[PDB]
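Only one chain comes next, encoded as structure tokens, the form deposited in one PDB entry.
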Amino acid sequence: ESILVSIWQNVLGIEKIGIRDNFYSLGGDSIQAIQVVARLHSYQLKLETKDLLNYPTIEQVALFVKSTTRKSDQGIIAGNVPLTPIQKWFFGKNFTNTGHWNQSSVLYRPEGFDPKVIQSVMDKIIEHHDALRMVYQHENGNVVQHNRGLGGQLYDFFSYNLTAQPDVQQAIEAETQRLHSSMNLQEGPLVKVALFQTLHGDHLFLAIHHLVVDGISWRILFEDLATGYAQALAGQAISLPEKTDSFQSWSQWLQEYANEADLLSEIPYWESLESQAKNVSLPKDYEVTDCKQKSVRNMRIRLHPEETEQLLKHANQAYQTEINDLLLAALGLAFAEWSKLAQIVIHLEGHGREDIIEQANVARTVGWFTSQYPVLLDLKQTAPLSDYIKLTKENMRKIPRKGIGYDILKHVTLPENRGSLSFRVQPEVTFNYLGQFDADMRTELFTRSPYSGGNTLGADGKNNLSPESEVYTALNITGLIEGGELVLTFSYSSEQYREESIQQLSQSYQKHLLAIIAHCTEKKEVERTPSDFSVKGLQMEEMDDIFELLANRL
């Protein structure tokens, strides 16, 4: 291209470069190529000198000049979408009424919402993201996902006025309980919408089937809906951020990656995990094989704002931890006191999206990306807390790709390709820590309905699973911050444990979390750990031997 016809001239110093004069014949050179490549980089084009040198004519190297950024399809993608590991896990769990396994939230606005305006927004917002249109063919003895070209039946919409009933909260609760049931996964709108009018304003309901949504994806969706509604209220033509790699392309590269040599390199780690976890078992107050979500009860423990601000802003520095390392260490101590096992396995929900496929960009993708990986905690050497905290930090740092790999090996790798991994370990206990609630309050133009009911995003959602669904996890522990307080929620199956035993485990948790917050604030030195030093495979004995050798050499 004429751009490169110029960029040669302004580097090599020879004029009138032709369409197929030779880089060397013009006097190019092993170095001047680096200059040409840097100059072309100012036009946002990438070219390897490995091609400039090898095809030394402009007409021939044009075949390799590339954009520095892709511009993924802003239009429409459709057709078969391979099940991701979390989706395959879901269909393998075989819930009673798989059409009732949802996420939702209820928005509010001080002056309400015009129904035609919000409907006009939900039209485009459900056009833009393609996965939200998908449907799940209950045929051929299996499941296969499909994505739908635009038409009718994108979303299901309901409208109500509750002002006739003083208990608006009960009326909206009982009515919203309906929609959660109504996911015609075979072919239907996997987004449910409702609007509830009231003297205090208009209440705006959104609900989405979990197979097509995620926490991060709910942030994305709320910021997209906030801009969409701002555009509609301003009366401008509605248009949205540039589409990132849309979920079909994600599933596709994921199944391509699901067999690559990179992921398979992890296999000996996950083997060491499963081979070490085999004999773990949390003891039960009552022995029963399955329970239903209606049996689940939840209870909460809280930290005061002072302890919360200490936990966030200061404890990290004593060991260069992140928040998850301290919460998990406290959980380890709690199970060491309460279960008296030598070990426990705790499952965590990573957000996925872990820069796995190098070319991929999913920063704007809407889908269920959650990656579930087990972690084994050592509970033996709890007495030197200064070193239990470090052991927990480095255990969390030994996970090879932040856990995205394990689900892919469990569900999506070619079954002959995946070695000895049994995948027999089951989530008796699972732990997650959400961020701030500002993933919901991410914009001021509307706010969460005070009548939120059981319809929250997280584990404190009440309507979002069918009461007849199985219990898939025995202890479900999720952290959040509200109003500057950390809350840990322990949700448990009654008829597997009794209330007093979860009160005990939760008080042991609060006690040890406070102990760790204090210990990490009173300690004045930053005792860095081997992961801090960018040397692969460094260990405590080697790190402290190196540091001793520095003292003997400075």
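Residue numbers count along the first chain shown, from 1. For clarity, a rigid core is taken as the largest C-alpha set superposing within 1.5 Å between two forms. First, how it differs from the form deposited in another entry.
Shown are candidates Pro400, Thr68, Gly188, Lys380; the hinge separating the rigid parts that shift between these two forms corresponds to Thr68. Of the two rigid parts that make up the chain, the smaller rotates 8° against the larger between these two forms.
Since the one above is the form deposited in one PDB entry, can you give the form deposited in another entry too?
For this one, just the chain is written down, with no partner chains and no other molecules.
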């Protein structure tokens, strides 16, 4: 608009500029064009100087001025959504009892948790996060997602008094287990809220179906609930943060990206993996084809606080590793000692929200973003530990993007577009390192309930997956920090392994991780590796050639 005309009046030193005038007749030049664009930025408008030069007249150029950042949508979005990779995986795997596949948490607030306040916060949090209203409709024999407006019954609400019952814990356990099973994916609330009142205060149970949440989305939901609760309890109208790009648009962009040349250029890598992974096979104590989830036992190992603190602060420096590189190199040695396999395929969950779509902002978007990608670890070269950590470290940077591309090629990309891929590496061992287990316990307005029991959000959530669903991963390994202790959890079917064989694996894990912490913390110098230098394609033999050669030049 006429902002741009006034900027020509300034930068071309001219008054009474006509609405039609031509930049070169006005005495303009490329030196004026850059200054015009450098002026519009102070109004948050972006214009290309190339467009200003090609279209030298006020109106032609004004038709191409854009805002310097995209405004993400504020409305109540609705309508169809394409199934993202992990959602299509979920409906593909066809669990028995799919409706009861949840995530949950129990909050606590010693000074009480007034019903109408939380109901009003729920009305807002579900209206604002345009994915917690999904419906899965099974039309035409496929499954098709529909995201719906203020059609009523956004969530299911219940309130109970437990103060009169002598066993509060068993009462809340029983009723939360009763809530989990009531999920309808078709035409019903995916969010179940239950308020339990207790002699020492009130508790909030949230259960949300896994198709619409993940760990980051729980951090979003807790901080937006805390802000809404504070706002309403003080008395002002509830004002949640600005909505980033809604899950519908993310799905549409992921459909449109799934066929681009950028993703398909990863095919030679995932081919080079799968063709090499084919015969890699985990031994079992018993051959049994499937097990229901009630067969999942688990067991835990804990590092002491002093060894945990060495891990988190000191041990990374000797190779510039991330925490995962050390936890995986320990898992590698643990499998090498326990199985005596030469090679192993481990599935890694990623946080999923990578910059795959250049315009996309997703940090405030709620949905199931988790990406699955396999990582083949060498166990052959395990002898010199110094050189095994470098090999494992390098694998994690060789992997394209952060593996988000693998699941898109498997479940979204068009079947003629993807070539040699032969997606036959099912999960056997799966790994995920959670950070601080503090997605919950990070605002003073409430805290993780003592009564949480089987309803936790992590791996030890007994209640949130159906007892009669199938075990889709043989070993599921998760780390977390609690009380400043690292706790590594091994979840396995008691029909596929005996307890003494997983106790071996978890003790052999603990010795090899303590070896890696000691090794990387006793090593005084720092040894960078080729992934640390900006040379695209550097290799160890070449990097030590150049570090001999600089020592001979200088």
